[PDB]
Amino acid sequence: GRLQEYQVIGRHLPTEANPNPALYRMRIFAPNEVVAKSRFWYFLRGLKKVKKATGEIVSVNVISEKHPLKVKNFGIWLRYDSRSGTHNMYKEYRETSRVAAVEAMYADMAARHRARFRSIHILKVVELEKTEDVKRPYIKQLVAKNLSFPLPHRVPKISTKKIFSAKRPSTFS
Amino acid sequence: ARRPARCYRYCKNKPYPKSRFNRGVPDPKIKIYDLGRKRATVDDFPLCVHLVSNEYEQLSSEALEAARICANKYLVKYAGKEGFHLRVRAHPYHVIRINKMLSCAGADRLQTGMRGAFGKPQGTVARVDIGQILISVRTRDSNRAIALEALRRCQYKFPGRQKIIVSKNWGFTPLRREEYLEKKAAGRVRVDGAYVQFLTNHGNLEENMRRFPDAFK
Amino acid sequence: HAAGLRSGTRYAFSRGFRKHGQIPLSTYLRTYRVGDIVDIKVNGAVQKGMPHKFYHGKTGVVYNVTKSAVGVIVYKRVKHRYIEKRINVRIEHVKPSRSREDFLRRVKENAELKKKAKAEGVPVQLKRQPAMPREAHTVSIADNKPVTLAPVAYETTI
Amino acid sequence: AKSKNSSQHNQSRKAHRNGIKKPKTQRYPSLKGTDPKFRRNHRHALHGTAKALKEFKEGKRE
RNA sequence: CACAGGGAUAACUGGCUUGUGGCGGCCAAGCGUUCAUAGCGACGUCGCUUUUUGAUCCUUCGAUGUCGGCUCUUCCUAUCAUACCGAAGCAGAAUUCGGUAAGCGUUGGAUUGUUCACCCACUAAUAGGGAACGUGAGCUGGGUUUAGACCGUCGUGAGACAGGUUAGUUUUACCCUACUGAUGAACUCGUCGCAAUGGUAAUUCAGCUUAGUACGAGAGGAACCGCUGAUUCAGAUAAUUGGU
RNA sequence: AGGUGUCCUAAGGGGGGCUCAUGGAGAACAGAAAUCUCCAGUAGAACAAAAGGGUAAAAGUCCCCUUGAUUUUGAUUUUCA
RNA sequence: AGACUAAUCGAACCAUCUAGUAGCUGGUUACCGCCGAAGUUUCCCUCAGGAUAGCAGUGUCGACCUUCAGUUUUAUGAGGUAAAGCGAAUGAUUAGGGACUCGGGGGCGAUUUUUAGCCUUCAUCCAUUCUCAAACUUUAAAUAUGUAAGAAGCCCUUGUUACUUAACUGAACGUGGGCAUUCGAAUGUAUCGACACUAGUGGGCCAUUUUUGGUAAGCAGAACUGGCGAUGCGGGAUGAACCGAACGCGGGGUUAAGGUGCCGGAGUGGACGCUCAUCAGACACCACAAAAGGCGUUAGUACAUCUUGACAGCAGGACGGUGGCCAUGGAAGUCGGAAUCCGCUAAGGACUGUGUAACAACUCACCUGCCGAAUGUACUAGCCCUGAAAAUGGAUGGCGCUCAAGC
Numbered sequence: 002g003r004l005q006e007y008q009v010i011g012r013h014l015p016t017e018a019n020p021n022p023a024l025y026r027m028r029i030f031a032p033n034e035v036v037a038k039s040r041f042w043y044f045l046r047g048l049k050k051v052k053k054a055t056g057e058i059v060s061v062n063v064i065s066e067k068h069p070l071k072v073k074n075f076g077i078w079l080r081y082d083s084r085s086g087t088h089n090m091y092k093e094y095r096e097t098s099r100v101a102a103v104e105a106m107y108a109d110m111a112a113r114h115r116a117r118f119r120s121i122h123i124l125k126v127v128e129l130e131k132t133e134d135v136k137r138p139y140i141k142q143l144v145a146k147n148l149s150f151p152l153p154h155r156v157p158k159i160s161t162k163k164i165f166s167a168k169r170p171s172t173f174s
Numbered sequence: 002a003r004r005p006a007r008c009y010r011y012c013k014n015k016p017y018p019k020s021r022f023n024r025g026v027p028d029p030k031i032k033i034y035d036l037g038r039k040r041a042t043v044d045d046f047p048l049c050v051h052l053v054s055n056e057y058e059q060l061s062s063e064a065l066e067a068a069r070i071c072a073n074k075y076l077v078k079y080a081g082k083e084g085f086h087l088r089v090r091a092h093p094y095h096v097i098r099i100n101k102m103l104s105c106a107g108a109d110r111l112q113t114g115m116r117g118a119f120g121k122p123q124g125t126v127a128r129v130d131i132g133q134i135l136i137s138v139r140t141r142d143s144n145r146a147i148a149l150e151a152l153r154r155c156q157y158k159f160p161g162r163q164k165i166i167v168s169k170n171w172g173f174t175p176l177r178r179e180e181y182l183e184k185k186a187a188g189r190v191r192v193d194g195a196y197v198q199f200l201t202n203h204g205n206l207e208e209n210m211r212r213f214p215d216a217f218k
Numbered sequence: 003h004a005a006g007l008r009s010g011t012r013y014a015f016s017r018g019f020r021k022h023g024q025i026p027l028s029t030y031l032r033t034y035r036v037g038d039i040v041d042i043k044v045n046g047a048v049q050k051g052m053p054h055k056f057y058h059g060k061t062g063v064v065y066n067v068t069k070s071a072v073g074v075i076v077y078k079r080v081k082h083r084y085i086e087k088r089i090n091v092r093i094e095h096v097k098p099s100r101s102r103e104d105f106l107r108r109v110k111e112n113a114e115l116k117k118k119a120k121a122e123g124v125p126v127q128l129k130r131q132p133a134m135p136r137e138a139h140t141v142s143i144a145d146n147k148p149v150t151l152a153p154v155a156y157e158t159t160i
Numbered sequence: 002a003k004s005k006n007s008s009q010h011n012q013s014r015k016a017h018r019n020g021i022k023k024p025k026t027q028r029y030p031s032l033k034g035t036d037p038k039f040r041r042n043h044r045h046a047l048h049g050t051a052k053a054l055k056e057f058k059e060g061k062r063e
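Here the protein sequences come in this chain order: LS, LI, LT and Lb. Under the authors' numbering, think of the first position of the first sequence as 2, with each following residue one higher. Under the authors' numbering, think of the first position of the second sequence as 2, with each following residue one higher. Under the authors' numbering, think of the first position of the third sequence as 3, with each following residue one higher. Under the authors' numbering, think of the first position of the fourth sequence as 2, with each following residue one higher.
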């Protein structure tokens with residue numbers, strides 16, 4: 002959907018035997034903070050022996066892009082579930098912000114591999130600082146020197162209510 | 002007899018082993034379970050491969066021997082009689098019944114139809130789960146390709162879907178390859194017949210020293 | 003299909019593991035009065051005065067006392083109505099119940115705690131209340147810096 | 002020919018149709034089943050305590 | 001032999017299932033002069049069909065006429081023959097495996113009520129099935145399945161036998177639709193024409209020549225064109241011959 | 001997968017002393033197996049019968065005395081209206 | 001011949017008893033209003049039928065009794081299922097090692113053998129190892145289940161008795177007195193208690209989870225709850241049981257399940273991808289398809305090679321010891337048997353083939369010249385294709401649809 006990145010911090014409920022427990026922080030992509038908390042308890046239940054009934058939420062914040070007007074390359078590590086077994090991939094994207102790459106990745110995996118949102122885990126997202134660390138061949142062509150190309154055969158836009166045109170259109174816009 | 006295997010594929014009844022309540026079950030088809038040089042030391046064969054199931058189904062006793070023979074022949078021809086050790090780790094203990102409609106209820110009519118339809122023993126089958134190990138092979142490191150091909154050839158005799166996994170342990174021991182190597186250097190491993198035993202430092206001091214002379218320096 | 007007096011009691015009436023043999027002798031030194039709250043628990047060793055298997059686990063009220071047995075009143079649920087049942091049980095099977103001890107403890111404390119306040123002159127708020135939602139507080143991160151977590155990649159164990 | 006053997010499909014709903022009625026508890030339970038030896042003496046005890054309390058108007062004044 | 005009822009319950013069709021019956025795949029130990037796959041395939045394993053037989057009892061007991069043959073139309077392809085092709089442990093001849101293909105054919109007799117089967121003879125070939133196990137107001141009535149009678153085994157007896165044998169009534173269309181043909185109101189009565197849509201048709205063999213040629217040590221032994229006839233089917237006609 | 005139309009003057013009641021199945025080492029005839037002796041032994045033995053539960057100074061085993069397997073009627077539990 | 005006895009015969013015809021009996025078929029006559037079921041328990045020569053309890057209606061009385069509850073919280077009891085276990089008892093089961101000979105079998109040093117000699121094959125014992133149990137177990141859930149939460153309560157003092165105690169020591173029932181300023185968890189109370197009389201019903205069926213016999217079934221049999229029967233309305237084209245939602249007569253507004261190219265009320269609406277099928281595909285219950293394959297296309301995992309320049313293509317070379325030791329009418333790399341070193345270099349092997357009576361010639365291997373950035377092998381899963389054969393003409397509902405009107 003339309004996502005944005007959060008940070009959420011949790012803690013085990015303090016007890017007389019263990020005052021001042023440890024603090025854990027995660028980065029979660031979610032449409033809103035109501036489901037942002039829900040994903041935090043899901044990932045934590047697989048790493049430590051803490052539940053929601055015996056825990057609490059300390060703080061939830063919103064992380065915004067530092068430079069949302071600069072073009073940069075991204076790389077994503079992820080795992081998912083197929084119809085038989087689990088797998089690991091690593092894909093790359095080109096855009097202006099961190100949030101949209103997760104949006105683009107979710108739509109891409111749903112089409113090419115029929116993978117739903119229920120069965121995808123995001124491990125790490127990192128912005129590629131240099132130009133020699135681009136691996137996949139569908140992105141080197143987008144960073145070639147002096148890129149330029151025409152746009153042949155583009156259909157003109159005509160109002161959907163104006164039927165019965167009076168002359169033949171042209172496709173040389 | 003020997004109805005097609007399609008008719009007894011799904012685990013649909015509680016386990017029905019042979020006991021003092023059912024009598025006269027036929028003798029199962031598979032007898033031998035270990036083949037090859039089944040007395041080599043642990044240090045000789047450090048590579049292990051498995052054939053792991055991926056469905057919750059039933060495997061017939063007849064199919065188990067067919068796969069054992071097929072894999073044994075390929076390994077002997079290309080790796081030698083003394084270059085491997087093969088073990089089958091699935092034992093059939095479940096008895097499947099049959100209702101002989103024409104043998105029991107034909108010619109002389111007696112009683113026909115569904116009246117009194119409890120059947121008689123007909124064979125033995127094995128129950129498997131998801132992720133259960135079926136066949137294991139250990140050999141040298143230079144025979145990795147041969148071991149994989151032999152297992153891939155023998156899955157055509159089984160119904161369903163199976164996978165091939167190369168284990169990260171040392172032989173048949175439940176220890177990581179790196180971990181076992183360093184523990185042996187500490188003297189806490191003693192040789193036995195085709196297996197090993199480990200030091201446990203929770204007994205009287207007298208015979209712990211002779212059994213493990215290199216542990217104490 | 004048969005229905006005997008002790009049918010289906012293979013595990014209910016049996017003694018536990020490592021508990022066969024002599025009955026602890028403090029059982030016969032207890033005393034009972036009418037109106038007490040007792041609960042039934044059948045002992046396998048004693049073969050006299052055993053109630054039916056339905057009452058194994060129910061709680062009742064004593065209504066009669068005799069030389070070596072007590073009479074208990076329990077309520078049985080037949081379809082669409084309740085019925086009063088009266089049974090005779092040997093003392094090896096009955097046992098005093100802690101069901102009402104919390105109530106008897108609380109009434110005694112309340113009476114004394116109300117008396118002292120009335121002399122002093124302050125409201126008590128004696129009656130209990132359920133758990134309430136937590137209140138606001140502050141947590142410091144001095145020498146308790148949080149650690150970041152992440153999901154782990156797939157790996158084969160066996 | 003053959004027919005259904007037994008069922009319990011609609012019995013629970015039928016019972017709750019107009020409540021599961023619990024008999025009312027009451028102050029003075031009956032003394033049926035109590036051993037007779039204690040029952041005989043208890044009769045004599047109550048006979049005396051009525052006469053003594055009746056004499057409270059021209060008598061003991063305890 | 002009778003009565004009150006039952007599709008709450010059997011014998012026939014139809015419906016779900018496919019164990020048994022039939023048909024088709026996958027893996028490759030081996031057979032195959034030597035060589036797993038020219039042609040086959042053990043131990044195992046995945047499917048399809050409803051012309052076999054079972055299991056079930058949903059629809060009909062104020063009734064759906066229950067075996068076989070005769071006659072006649074149409075459809076399916078898992079292809080016996082015919083057209084054109086791909087493979088071989090295919091020299092020729094003769095054969096075996098597979099593809100596109102249902103346009104066109106698939107017979108005459110001895111015994112049996114038979115379905116099924118088995119022999120003689122012709123032929124390019126004498127392939128397998130469906131349509132309420134097609135088809136009784138279309139026929140026939142040999143079989144089964146009322147009442148007469150005989151034998152064998154069983155029963156003290158009346159009587160029984162999916163054991164053998166002989167004789168035994170087959171009703172109605174003029175109604176609606178469907179089909180094959182024939183007239184026909186309205187815009188004056190006529191003559192000469194165009195063609196939307198529906199139907200559609202041909203089939204196989206032999207003789208002469210090619211040639212005792214190609215091929216082969218020999219034994220054996222083809223084909224294209226060309227010429228002339230014949231089998232099954234279809235539409236007309238009556239000069240001659242035959243029937244009435 | 002099995003059982004019942006029975007059996008008991010004790011195989012019912014009270015009391016007392018003792019501890020079983022099995023294994024190890026020993027002794028003329030004596031051996032795998034006959035009788036005697038020592039040590040270990042949680043029930044792995046026994047308790048009329050099918051199976052389940054229960055029992056060790058006993059509910060097993062032997063010994064001593066007996067007929068509560070007797071008289072008059074009520075309340076309560078299981079199948080259940 | 002069970003034949004004939006007035007169209008009647010395995011017992012004629014006429015009137016009466018007679019309106020003979022039926023647990024079995026068929027029928028049972030005006031309107032409106034309110035409430036509203038059962039196919040289950042026990043007994044019966046009972047199984048197409050009755051009695052009995054249940055569900056239902058009507059008539060009321062006692063108070064408006066402040067009592068109650070298909071519910072939650074708090075305190076405290078019971079259980080042997082799912083899972084788990086067998087280096088823990090009973091039962092089943094695969095494989096080696098150590099210790100033992102007098103337990104059995106076959107040998108050796110003279111099968112000498114009463115030689116605890118040397119061998120060994122089973123058996124035995126001990127420390128380990130691979131798999132199981134509806135009628136096995138040391139342990140042990142979730143869901144459901146019993147009781148209690150006070151005024152009929154708590155405490156003090158002391159009267160009765162034929163019971164009990166050595167004993168006014170106990171036991172029940174009592175008189176008197178003390179304790180609310182707050183009668184001692186939440187929420188609701190659109191429904192409190194008792195009695196009288198009686199109708200219909202006692203053939204049921206379907207679905208989620210659990211589950212028994214059977215190869216399976218629109219097949220037979222059970223547990224908790226929701227439905228049809230007894231019920232319309234909007235969607236699934238159609239369809240007692242599926243999804244939404246339950247109904248007096250009308251007007252305006254807003255939605256649910258499902259839909260917006262036309263039939264058809266409302267988008268040829270927006271964003272990123274995948275697919276070309278001479279059998280495409282098109283929405284749960286639901287009207288079907290598998291094992292095994294593809295150098296069709298897309299995305300991914302691991303290893304190996306490369307600007308010190310590979311992969312493809314073309315072009316140049318392709319040497320000695322030495323015809324090695326052997327074999328021999330003849331074999332010089334190339335019938336055959338057995339080994340595989342060194343010179344020179346960037347590279348050419350006592351060689352992978354062709355070939356000579358035997359040499360030769362020739363090929364391969366290997367290196368070099370040209371070029372300009374990628375290349376090789378093995379695996380995973382998306383759409384598509386092969387596998388894919390039935391009978392009147394035919395059905396994603398129809399027409400039709402290709403940067404879709406498909407996913």
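Among the hints, erroneous ones may be present.
Unchecked claim - If we take Cβ atoms under 10 Å as the criterion, some of the chain Lb residues that face chain LT in the derived model are:
| id | residue |
| --- | --- |
| 1 | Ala2 |
| 2 | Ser4 |
| 3 | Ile21 |
| 4 | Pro24 |
| 5 | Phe39 |
| 6 | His43 |
| 7 | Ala46 |
As the list claims (entries may be wrong) - Computed list of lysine-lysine pairs in DSS-like fashion (alpha-carbon distance at most 27 Å, straight line):
| id | chain 1 | residue 1 | chain 2 | residue 2 |
| --- | --- | --- | --- | --- |
| 8 | LT | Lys147 | LS | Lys53 |
| 9 | LT | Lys129 | LT | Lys110 |
| 10 | Lb | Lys5 | LT | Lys60 |
| 11 | LT | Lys78 | Lb | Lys52 |
Keep in mind the hints are simulated off the structure, nothing from the lab. Even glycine gets a Cβ: it sits at the ideal position worked out from N, Cα and C.
Going through the hints against the structure:
1. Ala2: 23 Å, violated
2. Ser4: 19 Å, violated
3. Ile21: Interface hint status for Lb/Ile21: holds (6 Å vs cutoff 10 Å).
4. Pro24: Check passed: Cβ of Lb/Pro24 comes within 6 Å of chain LT, closer than 10 Å.
5. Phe39: Since chain LT brings a Cβ to about 9 Å from Lb/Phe39, closer than 10 Å, the hint holds.
6. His43: For Lb/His43, the interface hint is violated, since the closest Cβ of chain LT sits about 12 Å away, which is over 10 Å.
7. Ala46: 16 Å, violated
8. LT/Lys147 with LS/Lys53: Roughly 22 Å between the alpha carbons, so the hint for LT/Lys147 and LS/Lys53 holds.
9. LT/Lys129 with LT/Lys110: Distance ~13 Å between LT/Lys129 and LT/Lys110 Cα, so the pair holds.
10. Lb/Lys5 with LT/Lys60: 36 Å, violated
11. LT/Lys78 with Lb/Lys52: Between LT/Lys78 and Lb/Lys52 the Cα gap is close to 43 Å, so the pair fails against 27 Å, i.e. violated.
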